[PDB]
Each structure stands twice: as structure tokens, then as C-alpha cells.
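All protein chains of the complex are present and in place, except for one that has been dropped.
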Amino acid sequence: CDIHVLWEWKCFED
Amino acid sequence: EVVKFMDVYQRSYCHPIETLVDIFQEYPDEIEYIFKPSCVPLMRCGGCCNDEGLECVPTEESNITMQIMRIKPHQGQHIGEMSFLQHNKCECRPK
Partner (left out) sequence: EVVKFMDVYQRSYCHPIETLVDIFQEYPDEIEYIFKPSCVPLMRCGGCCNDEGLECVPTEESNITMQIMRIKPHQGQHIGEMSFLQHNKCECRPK
């Protein structure tokens, strides 16, 4: 989940 | 009645957004005259990045031309083309 790009939910729950 | 997390996060993430910009701001040497309208709508990069060390910056830009009125006191009304910078694509980049 690279920080330079818009994220999916999986990036936050983890 | 409550905006869900992913919808707010996606809508606020770095992207071009219509912004209302005062013409004097774009062109501060022009603050001697009076423009109508006095502000224009421009696509400009806006919103937030996943981290405070990143900033939302344009990666594609273009000029847009608009019909604007300009006057000086006791002096004729003018209408002419004026050009402004627009942002077409934005990305989160280190500062």
C-alpha cells in the first residue's frame, strides 16, 4: 500500500 | 445520515477541483484595474495526501482562455480574452 497513491480499504484496516 | 469513511477519503484525496480564484491573485500586478467578474473558476489541484510529508501538485497543466471585462475609472469598458493556468492531473509527491 504505497503512500503516494490513493488507497483501498485493506490499506487502512491493516 | 453519516458519510462512510471510504467515500470521504476518496472524495478528499488529491485531485483537480474547481476552485474560484480572484484574478488579482493570479495577476497581482493588475490590482490597479477592476475586472468583471472579479474571480474565475479554474481547475486546480486540491485535497490531501496520505501523509503530511506529501503535497498535492500538478503533473499536467494547460492554459484556459476566458472572456473578461476590465475598466479604469472614467474610462471605457473593455471586454477581451484573458488566459489562466489550469491543472489537469495531480499527484502526491514529496515536498
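Letters A and B mark the chains as written, and numbering starts fresh at 1 in each.
Simple rule for what comes next: contacts are C-beta pairs under 8 Å (C-beta built on N, C-alpha and C of every residue); 3 or more make two chains touch, one makes a residue touch a chain.
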Candidates B:4, B:74 or B:95 - the one touching the absent chain: B:4
Residue numbers in chain B that touch the chain omitted from display: 1-5, 8-9, 11-13, 17-18, 20, 22, 34, 36-41, 46-48, 50, 52, 64-69, 79, 81
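One rule holds for everything that comes next: only the chains that are shown with their structure count from here on.
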Computed distance of Cα centres, chain B from chain A, in Å: 28
